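Next comes just one chain, in structure tokens: the form deposited in one PDB entry.
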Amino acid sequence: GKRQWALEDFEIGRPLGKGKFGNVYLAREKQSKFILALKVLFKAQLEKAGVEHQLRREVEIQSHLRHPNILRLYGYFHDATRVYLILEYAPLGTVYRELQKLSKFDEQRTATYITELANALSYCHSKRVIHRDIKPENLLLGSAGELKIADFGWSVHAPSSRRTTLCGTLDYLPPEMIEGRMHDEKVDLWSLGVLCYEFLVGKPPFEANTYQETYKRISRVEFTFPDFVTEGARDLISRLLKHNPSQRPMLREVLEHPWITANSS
């Protein structure tokens, strides 16, 4: 075949982020002087945690996606002990960090993110891919402050049948997963509303002291709005946060939502 990636192809700098199986480092490719993020995963730890299968889905899916709102995976390589992922650089860090600095986002910032993400998701869902792990942590920011979804380890190409894997993150889990039912692409829409809530409010709607309580709340769609959340915002979240997945709107309905169009830029 052709020339293959080598660790010796990259000049490494500051660690951008720490993770359980290794870090992401600010990286430069020598020949071009091009800025990347090199994610370094240890095989021993991936196998110990039994997540290489999830690592394969990430690499195999993300790398075949092209969208200005989905963080690129240019390619991958490995040695004896580690797996390397060559990811697009996102200069403005995570959305999670932005949220932590501002406590909560205004309507304009939220609706814009929720557009950019709804576009990225619309593209995924067109390729029959479900992300399954939408959350502030998995959302990054580009040069012009554009939203980029990443962290595709729980994602899945589901072209025909529904899926059964209980996966995602505590506050963002859809009820059909909690109740042990098969799931479809409509899980991304649920977590999209939990995102929209947390964006506007500063905390997620079913947050509790125990995972047990949260699970009950999500199951029951048990949540209220603070007084500042506008009718428009209230409408959209309520629509996305339906217990019955088929009662959640299509992403096209989210993109054309009066509150989205009236605040998105």
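Residue numbers count along the first chain shown, from 1. We call the rigid core the largest set of C-alpha positions that still match within 1.5 Å between the two forms. Compared with the form deposited in another entry:
- The Cα shift for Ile178 between the two forms, taken after rigid core superposition, is 2 angstroms or larger.
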Second form
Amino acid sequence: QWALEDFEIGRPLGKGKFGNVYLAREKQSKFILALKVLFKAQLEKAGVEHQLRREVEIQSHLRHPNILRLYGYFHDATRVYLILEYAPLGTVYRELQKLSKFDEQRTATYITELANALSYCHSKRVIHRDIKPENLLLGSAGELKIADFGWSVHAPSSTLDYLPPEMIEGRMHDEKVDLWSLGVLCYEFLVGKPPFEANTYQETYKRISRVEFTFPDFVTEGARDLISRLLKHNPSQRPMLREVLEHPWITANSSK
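Form deposited in one PDB entry already given; the form deposited in another entry follows:
There are no partners or other molecules in what follows, just the one chain.
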């Protein structure tokens, strides 16, 4: 029974394809939160109703510290308003821009929090399929929080920088999608670029399907081992989030 007049809106937190995320405070409780204002125009013209519902669906019943919470939603005659947890330290995307690349301690800790959140999600057959820095938010304690479950789906289903080969090639894909993305992320955190970056979508597609990536010298063998395990063309060869959390390079550098 919410309404746009229940909130004071302020700082824009980010511009999206279908709308914008705004800082907002609930007038009666003074509760600070983010308001994602999606436009039905663009949404309907794209047919992302099940995507939007699945986002509200999944992210509502997903309660986890390393997952951005969705408190509720409402809509008027044009826009759809998602009332989201506010992440005061912004995106991991912005932090990479700021720090260029991450040390093994910060990286291994974000990977740990990711695997936890992803382990909670996979235990419910929920697979994100869009794990990338701009969807990784930071809480007040710097804790990583996965957001944007638009492309989230249950069980198997059917840029490119973070998508595994099965997805970009259209095949059927399961939880192992996020394990691949996790390896792409681990790489981007240490190197500052994702491993299959190219100047064109068509080049990146080739590099992903062939799994053509090389490590800079400053990438330690421990991180290389984890990443090579996650970036296996074959989803079944990719580890599970538990070999990842139990991977010696993680336990050595993670503060969790």
